[PDB]
Amino acid sequence: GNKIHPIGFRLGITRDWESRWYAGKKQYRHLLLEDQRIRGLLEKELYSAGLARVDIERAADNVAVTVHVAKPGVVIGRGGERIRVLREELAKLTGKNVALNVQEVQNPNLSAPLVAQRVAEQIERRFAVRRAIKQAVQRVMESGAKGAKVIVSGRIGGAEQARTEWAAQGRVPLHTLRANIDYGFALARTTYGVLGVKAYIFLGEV
Amino acid sequence: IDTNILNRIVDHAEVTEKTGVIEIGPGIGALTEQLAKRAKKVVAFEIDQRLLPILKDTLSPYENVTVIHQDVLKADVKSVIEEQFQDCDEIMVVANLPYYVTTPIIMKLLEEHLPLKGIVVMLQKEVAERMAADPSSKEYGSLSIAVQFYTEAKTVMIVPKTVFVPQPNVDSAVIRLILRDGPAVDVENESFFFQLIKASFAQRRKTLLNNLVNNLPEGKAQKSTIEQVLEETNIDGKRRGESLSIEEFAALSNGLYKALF
Amino acid sequence: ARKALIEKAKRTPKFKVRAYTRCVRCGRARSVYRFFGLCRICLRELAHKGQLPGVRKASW
RNA sequence: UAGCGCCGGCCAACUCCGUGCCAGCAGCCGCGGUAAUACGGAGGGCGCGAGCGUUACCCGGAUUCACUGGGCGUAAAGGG
RNA sequence: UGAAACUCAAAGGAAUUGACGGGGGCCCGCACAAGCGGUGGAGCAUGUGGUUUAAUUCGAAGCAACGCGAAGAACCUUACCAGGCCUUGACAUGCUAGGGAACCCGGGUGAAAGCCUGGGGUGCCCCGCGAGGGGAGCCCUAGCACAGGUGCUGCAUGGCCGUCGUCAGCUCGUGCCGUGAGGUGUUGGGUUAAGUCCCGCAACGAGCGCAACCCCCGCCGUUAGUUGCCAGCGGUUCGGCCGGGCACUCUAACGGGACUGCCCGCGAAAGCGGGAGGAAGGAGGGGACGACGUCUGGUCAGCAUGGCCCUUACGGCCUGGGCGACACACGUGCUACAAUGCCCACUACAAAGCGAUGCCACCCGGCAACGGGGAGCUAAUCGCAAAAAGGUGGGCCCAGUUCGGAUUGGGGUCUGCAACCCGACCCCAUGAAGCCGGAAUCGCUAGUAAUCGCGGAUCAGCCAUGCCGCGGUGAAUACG
Ligand SMILES: [Zn+2]
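From first to last, the protein sequence lines are chains C, W and N. For the first sequence, the deposited numbering gives the first residue as 2, with consecutive numbering after it. For the second sequence, the deposited numbering gives the first residue as 32, with consecutive numbering after it. For the third sequence, the deposited numbering gives the first residue as 2, with consecutive numbering after it.
Hints are not guaranteed to be accurate.
[Claimed, not checked] Going by beta-carbon spacing under 10 Å, a handful of chain C positions derived as facing chain W:
(1) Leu47
(2) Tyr48
(3) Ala61
(4) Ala71
(5) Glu82
(6) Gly96
(7) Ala100
[To be verified] For each label pair, taking beta carbons as the anchor points, the in silico distance ranges come out as:
(8) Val18(N) x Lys147(C): 57 to 67 Å
(9) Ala92(C) x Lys87(W): 28 to 38 Å
(10) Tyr130(W) x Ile5(C): 52 to 62 Å
(11) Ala10(N) x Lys147(C): 42 to 52 Å
(12) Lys229(W) x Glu125(C): 13 to 23 Å
(13) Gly80(C) x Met188(W): 19 to 29 Å
(14) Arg85(C) x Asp79(W): 33 to 43 Å
Calculated directly from the structure, the hints in this document are not laboratory data. A virtual CB, placed ideally from N, CA and C, is assigned to each residue, including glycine.
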């Protein structure tokens with residue numbers, strides 16, 4: 002076993018960096034640290050919204066945060082109160098006048114992080130794991146998605162012994178570079194430990 | 032099995048991207064999914080703690096859904112409407128009611144004089160003609176009077192027994208009630224009017240006169256009064272009562288209360 | 002990586018040669034990198050995530 | 001005057017406490033060590049009802065002595 | 001010839017899928033064989049087992065633990081030990097009583113932590129009449145929800161990793177065969193690095209795997225010519241140094257090229273043996289890439305995490321010690337045992353990297369480690385930087401030796417608050433074991449083995465002879 006991260010494998014080709022900025026050796030670490038802080042804050046805050054991705058950019062002491070969300074309605078709210086206070090909070094974190102942007106993902110069934118998050122939520126709601134995985138895979142496959150696969154880690158239904166569940170459908174060629182495989186991991190914290198939900202979505206070629 | 036029946040129910044309820052709807056007893060949310068897909072902001076009154084996770088998971092990808100942990104009977108729905116549907120034009124009600132609390136629910140909803148556009152519900156055929164009938168229909172009664180007074184109602188859909196996953200015991204009929212702007216007949220003494228209606232149908236075999244005289248505490252006292260009133264109003268008590276209507280009942284009620292109330 | 006030890010290495014330890022470096026993500030003191038400020042494990046994790054700009058798998 | 005048996009599959013009738021290979025149940029298959037629809041008790045249900053169960057014996061199911069209506073190369077059964 | 005009493009709920013027949021066999025057949029891989037160097041012998045470095053100790057913190061245990069976690073233990077690291085000390089606490093969000101708000105500062109104590117203290121107070125926000133003034137702004141000081149735990153289980157788990165193994169396998173859909181479990185495909189012949197292809201055949205396809213898609217090297221085009229380059233010309237202090245060009249090398253972007261594509265023979269085909277052409281010829285060399293699964297595999301000490309436990313101590317500061325012990329025993333390495341060599345002068349030829357709390361040109365002082373002055377460089381410019389083996393010339397002449405450099409004595413430099421336990425380096429003496437290593441055993445099929453240097457991470461400095469990379473010279477053998 003011991004497969005490698007399908008994103009880190011395809012960073013150069015068919016995938017793009019989540020962070021897009023340049024810095025010399027002098028200031029690389031500080032920028033990365035504040036970047037991590039921003040990512041952590043936004044992960045904590047915008048959970049319910051259906052976050053999928055956080056993008057960070059820098060031009061000249063400027064930050065352009067972009068957040069991919071299934072339901073931007075949750076993010077904005079009434080008269081953009083929430084987004085405004087969120088911008089205020091982010092700017093208070095780092096004195097660089099961040100320019101927050103919000104994008105809606107088309108067909109949130111085609112986002113591996115979202116699928117993993119949903120299945121993790123279902124697990125935390127004490128759903129049957131096998132049925133949940135089957136339904137998730139079918140749901141993804143109905144929305145185009147030339148291939149899908151979902152894995153749940155272990156410690157199923159409070160059983161003493163842990164076991165992997167696994168379910169795939171279609172083509173998931175993890176070995177080919179021009180595969181455009183979307184990957185998503187979610188951790189489900191349950192009364193009887195932790196479960197790891199992985200999702201691969203094979204969405205076209207090249 | 033419920034695959035297309037729900038779509039037909041929603042179609043008959045005639046919801047659009049601007050109409051608001053009220054859901055009672057959502058369970059999983061079979062109707063709720065279709066309602067969210069077709070209609071504007073929805074609302075639910077689930078009370079079952081066990082099915083709450085399943086409903087939450089079902090309605091996770093929807094943003095126009097509100098869930099309330101209140102019983103319909105106990106909760107004053109006026110505030111519910113004034114709070115939730117603050118922009119909507121027409122507020123309808125769609126639900127599948129659980130047998131027992133089906134008549135109480137309808138009665139409570141109607142007796143509170145909501146600004147609801149109407150109601151579309153799925154209940155059993157048994158009590159379906161009992162709330163949409165005519166003179167001499169063998170299903171005429173107090174329930175029919177109440178429903179056909181408060182609103183305008185007619186049975187729409189007949190879902191047969193052989194549709195559900197676990198085979199039930201009774202055929203079902205989806206009924207649509209278009210709410211009425213003003214009550215069909217004007218009664219000053221509405222309460223005793225209702226008691227009169229229930230008195231004329233305490234026993235459906237006896238004649239109307241005997242029904243009326245034998246069902247009032249003052250029935251013994253005002254035997255002559257009852258007889259004269261029924262005689263003058265051109266609708267005598269010699270009939271059964273199932274052959275009367277809203278109009279005759281209104282006239283008789285006026286006769287009783289203008290003179291003895 | 003006791004919380005005390007992490008919170009202690011963040012001050013001036015009365016001398017220059019008493020101070021050391023820790024992973025900014027996990028507080029590991031063993032195998033950190035000056036360029037990143039991350040231990041080897043956090044470096045690998047974040048590099049796989051694609052959250053390190055211009056950092057890619059090498060094959061020469 | 002309403003009782004009697006049963007509610008794991010045969011076979012119509014399901015939950016909560018008590019017990020923890022103990023006390024026990026059992027026509028067969030079997031159930032009892034911590035979440036027991038299989039033991040004990042309650043609620044409820046099912047069948048029969050001045051009755052309902054148990055034991056004993058006979059025929060059936062048993063084409064399992066095969067006249068109706070079985071078989072004998074390797075399952076028992078071709079004689080040296 | 002031939003019972004019964006008593007016991008069990010089975011006893012059996014054929015066939016299917018596996019597991020296994022001191023059954024068989026075929027095939028593969030530095031597995032063996034043919035070679036070339038080693039290890040096991042000596043000294044030292046390092047990691048362990050034991051032993052010792054107040055402590056010698058722990059985890060890793062055939063392959064797949066043992067120059068492993070650790071890409072840097074003198075303090076810090078540090079989790080261990082001996083002492084001195086704190087208990088809403090190093091650290092977070094709160095609650096409730098007034099001192100009362102912030103900050104600056106000075107003595108006792110002293111090994112430091114901590115404690116006791118004495119001073120300028122750093123106050124406004126409202127500016128109610130403005131003189132107390134109730135306020136948010138900070139701050140202590142008690143009462144309390146809470147911190148905290150490298151404390152235990154990897155046999156409750158996640159994530160990540162090792163291993164069989166880059167081995168060639170693991171399955172599914174429809175069809176067909178069978179009463180049925182199931183079979184077929186996926187077996188047979190050939191071929192391949194390969195379930196890679198061809199043929200045969202009730203199978204025809206597909207998915208995860210193999211391959212290819214990606215990167216580096218090998219050849220050539222364009223686009224581009226500075227900090228890189230210099231063929232022709234003009235300068236020239238002889239320096240690509242100047243003016244020039246950018247042709248060539250090169251640097252870094254985009255493409256081309258190699259596919260049994262083309263001829264000859266052979267085979268039914270896959271393919272095989274030769275031949276041009278070509279930089280490369282049949283996978284061109286290397287990397288990234290690790291199937292369903294196996295190992296109660298490894299890690300609660302990277303992190304997260306369910307359960308259990310401690311919460312005036314199993315938490316937290318500080319000084320010193322320890323992880324560096326030593327009758328012994330294993331593993332991985334470094335230097336050698338010499339003349340194909342050792343020492344000393346001169347002269348050459350690289351690549352890939354690194355640097356502003358740094359790289360440090362040059363000059364001067366010292367025999368030196370270094371010190372003082374001092375330019376130039378955020379980098380194709382400046383520097384680290386001497387490349388070493390090599391090639392020349394001189395010496396040694398078979399000797400435990402101009403071999404080997406352990407150990408010890410005596411000076412000295414640098415880092416650092418501090419160099420005793422316990423750093424590195426320079427110099428003068430000292431000059432050990434070692435004359436090629438028993439049984440056994442390891443690596444390697446080509447720019448490989450062997451040998452020679454160079455750079456980097458961690459890092460004040462370094463116990464690095466380690467790890468990751470980079471080039472120089474360059475063997476032998478493979479019948480089976
Ligand atoms: Zn880390």
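Here's how the hints hold up against the structure:
1. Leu47: With Cβ-Cβ at 14 Å, over 10 Å, it is violated.
2. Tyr48: With a minimum Cβ separation of about 12 Å from chain W (threshold 10 Å), the hint on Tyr48(C) is violated.
3. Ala61: 37 Å, violated
4. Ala71: 7 Å, holds
5. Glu82: 17 Å, violated
6. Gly96: 34 Å, violated
7. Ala100: 25 Å, violated
8. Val18(N) x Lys147(C): 57 to 67 Å: 59 Å Cβ-Cβ, so the 57 to 67 Å window holds.
9. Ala92(C) x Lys87(W): 28 to 38 Å: 34 Å, holds
10. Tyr130(W) x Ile5(C): 52 to 62 Å: The hint (52 to 62 Å, Cβ to Cβ) holds, given that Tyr130(W) and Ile5(C) are roughly 58 Å apart.
11. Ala10(N) x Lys147(C): 42 to 52 Å: 50 Å, holds
12. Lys229(W) x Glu125(C): 13 to 23 Å: Distance hint for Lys229(W), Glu125(C) is violated at roughly 52 Å.
13. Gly80(C) x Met188(W): 19 to 29 Å: Violated - the Cβ-Cβ distance for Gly80(C) and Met188(W), about 43 Å, lies outside 19 to 29 Å.
14. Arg85(C) x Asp79(W): 33 to 43 Å: 39 Å, holds
In terms of the numbered hints stated before, the structure departs from hints 1, 2, 3, 5, 6, 7, 12, 13, listed from lowest to highest.
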